[PDB]
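**Student:** Given next are the chains, with one letter for each unit.
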Amino acid sequence: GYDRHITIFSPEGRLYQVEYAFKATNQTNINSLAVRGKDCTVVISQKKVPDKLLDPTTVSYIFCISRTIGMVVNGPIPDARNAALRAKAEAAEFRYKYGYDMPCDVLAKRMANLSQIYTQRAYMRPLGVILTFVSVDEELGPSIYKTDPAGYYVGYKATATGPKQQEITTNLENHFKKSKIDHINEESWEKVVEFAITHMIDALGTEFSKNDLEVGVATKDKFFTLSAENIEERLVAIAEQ
Amino acid sequence: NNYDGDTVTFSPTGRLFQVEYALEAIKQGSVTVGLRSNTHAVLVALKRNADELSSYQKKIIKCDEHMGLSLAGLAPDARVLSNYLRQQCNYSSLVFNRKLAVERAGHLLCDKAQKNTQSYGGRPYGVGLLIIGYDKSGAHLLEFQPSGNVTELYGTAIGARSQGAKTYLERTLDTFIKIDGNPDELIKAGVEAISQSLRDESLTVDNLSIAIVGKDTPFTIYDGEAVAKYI
Amino acid sequence: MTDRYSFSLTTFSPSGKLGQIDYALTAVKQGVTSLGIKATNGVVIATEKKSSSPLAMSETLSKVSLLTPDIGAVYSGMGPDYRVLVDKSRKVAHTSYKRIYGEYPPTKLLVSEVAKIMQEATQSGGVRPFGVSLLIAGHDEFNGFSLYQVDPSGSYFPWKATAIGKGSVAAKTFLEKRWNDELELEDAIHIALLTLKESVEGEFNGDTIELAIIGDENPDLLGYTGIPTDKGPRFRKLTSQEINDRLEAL
Amino acid sequence: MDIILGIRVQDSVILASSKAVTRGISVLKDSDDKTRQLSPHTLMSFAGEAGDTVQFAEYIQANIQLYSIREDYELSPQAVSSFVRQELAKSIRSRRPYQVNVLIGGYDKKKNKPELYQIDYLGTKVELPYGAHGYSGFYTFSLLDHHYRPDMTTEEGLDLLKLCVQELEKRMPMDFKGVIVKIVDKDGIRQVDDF
Amino acid sequence: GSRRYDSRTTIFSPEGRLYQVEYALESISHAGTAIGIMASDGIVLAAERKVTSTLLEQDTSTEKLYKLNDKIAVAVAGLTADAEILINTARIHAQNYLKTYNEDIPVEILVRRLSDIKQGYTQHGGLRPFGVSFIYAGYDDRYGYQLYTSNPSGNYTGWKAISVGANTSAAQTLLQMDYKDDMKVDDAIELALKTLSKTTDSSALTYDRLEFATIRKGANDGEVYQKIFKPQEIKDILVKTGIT
Amino acid sequence: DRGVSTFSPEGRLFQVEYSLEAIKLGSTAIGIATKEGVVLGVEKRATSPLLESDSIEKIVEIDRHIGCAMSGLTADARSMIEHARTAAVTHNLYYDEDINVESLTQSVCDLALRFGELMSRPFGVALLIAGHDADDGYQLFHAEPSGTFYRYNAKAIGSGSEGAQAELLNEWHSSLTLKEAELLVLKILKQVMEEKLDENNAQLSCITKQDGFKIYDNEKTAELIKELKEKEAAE
Amino acid sequence: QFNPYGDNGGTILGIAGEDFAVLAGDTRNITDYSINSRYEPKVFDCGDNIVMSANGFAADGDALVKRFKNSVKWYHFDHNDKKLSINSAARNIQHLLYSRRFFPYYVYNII
Amino acid sequence: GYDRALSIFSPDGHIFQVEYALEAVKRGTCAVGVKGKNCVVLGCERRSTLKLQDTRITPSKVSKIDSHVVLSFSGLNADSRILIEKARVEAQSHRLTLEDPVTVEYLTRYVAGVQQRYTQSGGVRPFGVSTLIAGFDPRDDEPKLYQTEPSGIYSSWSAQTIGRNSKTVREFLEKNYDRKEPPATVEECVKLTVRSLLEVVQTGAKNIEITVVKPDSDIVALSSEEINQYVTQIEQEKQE
Amino acid sequence: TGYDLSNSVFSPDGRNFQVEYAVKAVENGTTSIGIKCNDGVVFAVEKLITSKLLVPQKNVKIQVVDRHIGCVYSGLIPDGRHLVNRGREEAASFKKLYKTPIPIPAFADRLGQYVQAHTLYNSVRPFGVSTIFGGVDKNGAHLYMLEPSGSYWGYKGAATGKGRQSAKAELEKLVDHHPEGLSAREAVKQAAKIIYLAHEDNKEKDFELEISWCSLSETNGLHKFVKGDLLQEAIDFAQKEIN
Ligand SMILES: [Cl-]
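Residue numbers (the authors' numbering), protein chains in the order written: chain U, 2 to 242; chain S, 3 to 233; chain O, 1 to 250; chain X, 1 to 195; chain P, 1 to 244; chain R, 1 to 117, 125 to 242; chain Z, 1 to 111; chain Q, 1 to 240; chain T, 2 to 244.
None of these hints come from the bench; they were simulated from the model. Misleading hints may appear alongside valid ones.
Unchecked claim - Straight line, CA to CA, 20 Å or less: simulated EDC-like cross-link-like pairs of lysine to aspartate or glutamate:
#	chain 1	residue 1	chain 2	residue 2
1	X	113	P	141
2	Q	180	R	54
3	Q	51	P	182
4	S	60	R	117
5	O	17	P	22
6	X	109	P	182
7	Z	73	S	67
8	T	169	U	56
9	X	110	P	104
10	O	166	U	13
11	O	29	U	20
12	X	110	P	182
13	O	29	U	13
14	X	110	P	140
15	P	230	O	181
16	U	89	U	102
17	X	110	P	223
18	Q	51	P	181
19	P	227	P	6
20	S	117	R	117
21	O	177	P	57
22	S	117	T	91
23	T	62	S	154
24	S	60	Z	81
25	X	113	P	103
26	T	59	S	176
Unchecked claim - Chain Q is nowhere near these chain P residues, computed Cβ spacing over 12 Å in every case:
#	residue
27	16
28	89
29	230
Quick reminder that beta carbons are idealized off the backbone N, C-alpha and C, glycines included.
Assemble the whole structure, with the sequences as input and the hints as a guide.
**Tutor:** Printed below as a string of structure tokens:
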């Protein structure tokens, strides 16, 4: 039974090492969510600092890949940072070679191709991570593209990742079934973040303080993460209506 | 058991069995003793023969005018490591016009042995080394294990029955450390130390091997009738 | 590090079977149905856009891909394996042909190059075979229209019409009854839509179906005018609207 | 080295090659054989830079002999000459080219025809009824143009060759110490010991 | 490390056999039968396509018979993809020889070269062998018409008549019975088709399930012509010999 | 399977220990060192009477002052001998002198542990290296595939080794002559050999300072065998 | 253009007696018309009762002496502390010099 | 590169891959070598399981390495081609660098060295081939016959056989071959070689190949009829 | 089963058992800690005195990287040294190209990526060490801890080795009782105490205390070893607290 140790086919035509890498994805027990506004793309993720000895400012699963591209990771932090460093290098090389900023979907494809190679070549293991890339692309507008250990990737209207992804997914599905549009019809990114948090609260059934969340926002020509105080202002507005 | 096929595999309790098996080869090897004062450092080694027609396998190797070691375990591995030390001592002299510090020599041996314990295909070294030397901070004695662990000591012993000599040195600590400016008395203490590890056999003229280095003493090895004085 | 897997991972068993190839074919069997039909004046390739989530934008995922202006491809099996094969197939069409002869390769020779790549994954060290079967439709001046199947082993066969994946056995039977040597392209598209409906469970419309043709030259899709000999690509992907129009006459 | 001539007659090929070897201002040898047998019915003469000539000739010889053993068969003169040309054309763009000009005289046992090939150090091959390298052709070709017939006997070929050597000995400034003559026909290769 | 997963494709059994070569031969025994018959005035190549479909485009299809140059052709039994890798190498060797010596490559020299490549995969590299057996039909001016076969072991032999693939035991017995030395091409054509007709696992032998080729000095004066039979031409020769 | 450079739980290299078993199956080779020279003798052990025994070359010259006998997988020894000869002559090129017997032996032993995943396995042959130099006089070394070499006054390797070594234990003393050593090797070879010892199935050789390394003629050895038979019948 | 060679001047002299030998050399080191040093030793004790002086281009001279001294050290290690005879040292130096046949040590050497 | 150590020692001190290579030799067709007073003869078995063979073009069992040396074998056929090719290259390489052809002993030593190298090199398996190498040294009238095997050991033989049922024909040669008086003529040498193969072969038809090598590069292969005359004469003497 | 025999193999859980076995080697090692103070960091380690023959203050465990970073580790000592050798190469090449000394967060990722690389292949073994490291850069003080998996975070206080639980409890008290912060000199005293308190888990053999520190005010942002009077003062403070 060495067909379960390396990335070769089982008799059923399955790659068990890829399937087990998917399971490593939920090892952090963190849920992430991504939605699109008119002018922005918002990504939120649960933040859990279990140890009091930790410096909470260094605990993060959201990465600034380029000026325009942000990435949130679902999976263990070593693989997350491996992917982050590579994505940063790829985005920088792309700009140098081709004279313009790497698009979100192109980077997603590139990282997905790298992931595919690990599923075919034996000496390389898959990374136990799911990578969600976000930007406001200059051609396609607000963009969400997600990569997994199988080498699969696709664009999204919105998405969710983690142990309770299904609950968040259905919650989002039901909202877009009402509105009948592919995005959050809202002008400011502040209100799109408020939407993202509100719908995560509803789906998970848990309240959040300023230190329980982590937020990333993509606008035209820059991606940035929110501070604890920026999130607090967001939480206050939610409670006041 | 299932985790001793190669050096690249931890056991469930966090042990490296191939390294531990290499450590076992040292215990099978013949006893050798090391000890020092503030002025001199001494190696004493019990050499082993195959039979009565055979010679007694050499245990002590010179690395530089101010440094050398004694071996216990696989002799070819000691040749490889001593050759590396010779080169590093030599690189220090030719490039920096500087005699290689004994402590730094230990750090280099540690790092060389370590690479063999973390990589596939290779094997750990199957030998333990006792390095003595005299540098700018005085006399020194090092114990090298092929796990990579190098330890600076006042005195020690490795090989079969080495525990007897090590206990003796642990008692004599306060005495032999004070033997300054007297090479013969320091060797006597080493010969008396290695004697605590003997059974059935005793120290003969072609059995015993002694080395010394010090303040105004280059690393020199004594064999044959040159050690009859100490028998 | 270094890739230390310099030995074959696909080997002959006592019965003469190459296990990893057989298993790759099993992965293809599980995959979504895709098909290809050759007409007198064109070829049609089609498949279902099996969307993994309704939140996912299935337009961004392209199962039917342009390889050259006159050659297109569709698959059944593992999507990521297909995606990288399309990247390699597009590049090899340039490096091993266009940069030498100054023109795009004929269908059969591009197929041959793709087949070679898949064969090498079946014999080279430290790799598994590709978990896809390809259907490559194309046109060239001296061979006319053609349709090829390529399997994980690297074997390739020319077809008048065929199907691969989930409901291939039923679909190939359906095609045998409907195919003849006098079909026009529109008739082939009609048969493709009929055949594909049998294997689809849920929604059946332009947004859930991906369909492309190799047909007449499209000068409107060339992007420039001024060179008479350059008349535009024969490959064209049908729009969501163009599919739905033909589903009313179904 | 200096002068190498070749003439193809009715039923044989005749190669004439100088005997002199000079180092500096001194003639070291006056009996040097500037030729190698590649196969029983194929002979190659050579001329060019010192050292390169023999090294190349012997290298070719080894390759043809290796082929002969492997296939238990003698390559045609045409096939051998094409192999030699390729090696020289390969050589000319090398880091340090082999500066060797050759004549290949062979009897094709299949076609029952003698064949003479002239190849220079660039890899320029030509089949000829008579050929030469260096300055040898300047003096001799006018005589060969005049006297040569394709139905000549071997004896007539040798007489025409004597006239060529005599003209060379009269008008060349260099003393090349006469020539060694060899005949290649259906029966193989033999040397004319009196010339 | 990686050793754990190594099949070790290039080792002897205790009996002194090469496992992978033997298993590759087992694979080839399930492949469509290919037959070669050598006559005084030419060579015949006949081969059976494996369980085809009505929707297969036969006239543009090639799975059995391949052209190496103008003088030499091969019949394939085994993995087609493996065979094409080798075929392209053989085509290049023939052109290399032609460029070097300015003469068409002798048949045996080409065969030995391919057979040596196969041999290499059984002795070094740790890769699986090519699951292919060839029948070489060719002509040169030294030995005239020649038939050879090679298998995954890299061993090759010369033949007057030979079969590879499925039912070779039965096929070889039938050829050995009816073959004679003074035989001609037209007779050899009939023998090849009759042998396939009796050894086939199919219910009946039809034109769509065959690939056929001849190498004849039946080319205008001292020269050699290769004829890869078209579907309609195979259909005609089946009627002529009285099989359909 | 398992690594080629793997340690056993007892602290020994599996492959080195297994190669030692192959050497035990080899034909007997004996060396005796004296102050008048070193004698090397071997059992030829022809597998058939049709095999021309003089083509069995188990005693070999490395230099004029160094000889070598082998036991075990004798094919493995060829590259060792080649290296030895090269080392010996190369040192003569660099230093205009004969190379020390120990230094030569050490150079041969350096090859031994150059195996892994370099060659794929240890050597399956042991060597008795005998020679003379000005510094340490007449010497006999035993070179193993472990990379270890011991100097010996007398040594036997091969299938009859432990029986021969016990005999060499009793017979050797520091005042042996060359003639006495020759007869002693013949005596012990005759004892451990399966077939009856004669000039065709056994070979003698020696190394002296004056004449250097010499393999003995079959006529010369035959006389030493006849001299042995008579002196054993003498009591 | 960079010239890797220079001339540091100096002169050396070796004389072999019946049971002794001398190696002498001036202590002046120069470039062009300038004096670098009035006392820069040029003749060295290399061990094993051997003395050497490499005269010409000082950088190459120093490098050669350094490598031979090193060769003496490794001769002891590799051959059981055997004394390097003068004839053996000479042959060893030939090979040290010929390593750079095509980029020579620009020195006339005497031992 | 593929570095895997395939030929390794086992606990009992055996290299199984080398020993299994000898089993491949045991399977191979019988080959025999007999040296007379002024010649050497190489006999080879051809298994008659393969008829419809083209004997003109089928690889012959005896191969010329040079004009004065030949090589026959038993074992894997494909493997033997690699050894023969290397040997032929070395033969021309020796003539090129030393200006003398190889001695039979030298050529044997080279081929045996190649076989040995393949028993302790990573990623490769041993040659499943044993060879008989025969000929005459340049300007020498003494016959030479050598044998090699997968392990890489080699030796000289007055007469030797290898391959399947070699145990039987060696038995025959050991009682029939006299060292004090070897086959004085070519006839006697060929007769003894054919007799030895007739102990094992089956039919004396196209199953026996004979190649006679004489001094000064005089090598010829006997035809079917010439051999058939030996087969006829042997059995007519046997009927008594 | 068999998933724990090879490195870089995911078990059905999604775990790399070989890395988890490397953690066992870390847990087996001696105690080491780190304390982040007002303007710097303090490192301390437990050195088990196996024998009287060990020369005091000679077998130094804490290592410096560049001139502003300190590294200490628990587990397989050679593995830790190998990691620091790499750390030094990384820090050198950073400074070579960018001129400024490597920032602590930047340095942390260099080690992190290297350790993580040794969980990607079966041809290498994971690191048998958890490493506590840090120092002072342009943005102030930073303390990090790095595990065999390649996982690392920033810390207020950190601890690893056999007595990590005891240490962690002590570190948590300091964080609670000093929200405004701890001084560099205080942190040295507290570090001594914590190692002494954590020595109850290794109480069989007696030990030697070793402390180092980087502080903007006390050491000018350079890594230095705590020696002589300041070390003895910390030992006295530690010995007073256990009694
Ligand atoms: Cl890519």
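**Student:** Taking 20 Å as the top limit, are the C-alpha atoms of residue 117(S) and residue 91(T) close enough?
**Tutor:** Given that 20 Å is the threshold and the Cα spacing comes to 18 Å, the pair holds.
**Student:** Does the alpha-carbon distance linking residue 51(Q) and residue 181(P) stay inside the 20 Å limit?
**Tutor:** holds, 13 Å
**Student:** Taking only the CA atoms, is the gap from residue 113(X) to residue 141(P) under or equal to 20 Å?
**Tutor:** The hint holds at about 17 Å.
**Student:** Taking the closest pair, is the beta carbon of residue 89(P) still more than 12 Å from chain Q?
**Tutor:** holds, 17 Å
**Student:** Could you let me know if the closest chain Q CB is still more than 12 Å away from the CB of residue 16(P)?
**Tutor:** violated, 3 Å
**Student:** If you draw a straight line from the CA of residue 113(X) to the CA of residue 103(P), is it 20 Å or shorter?
**Tutor:** It holds: about 17 Å lies between the C-alpha atoms, which stays within 20 Å.
**Student:** For the pair supplied as a hint, residue 17(O) and residue 22(P), confirm whether the alpha-carbon distance does not exceed 20 Å.
**Tutor:** holds, 12 Å
**Student:** For residue 230(P), is the shortest beta carbon distance to chain Q beyond 12 Å?
**Tutor:** holds, 30 Å
**Student:** Does residue 166(O) pair with residue 13(U) here, judged by a C-alpha cut-off of 20 Å?
**Tutor:** holds, 14 Å
**Student:** Verify the proposed pairing of residue 51(Q) with residue 182(P), using a straight-line Cα cut of 20 Å.
**Tutor:** holds, 17 Å
**Student:** Quick one, are residue 177(O) and residue 57(P) close enough, alpha carbons at most 20 Å?
**Tutor:** holds, 16 Å
**Student:** Holds or violated: residue 110(X) and residue 140(P), Cα atoms, limit 20 Å.
**Tutor:** The hint holds at about 13 Å.
The structure is inconsistent with the numbered hints 4, 6, 12, 19, 27, although it conforms to all the rest.
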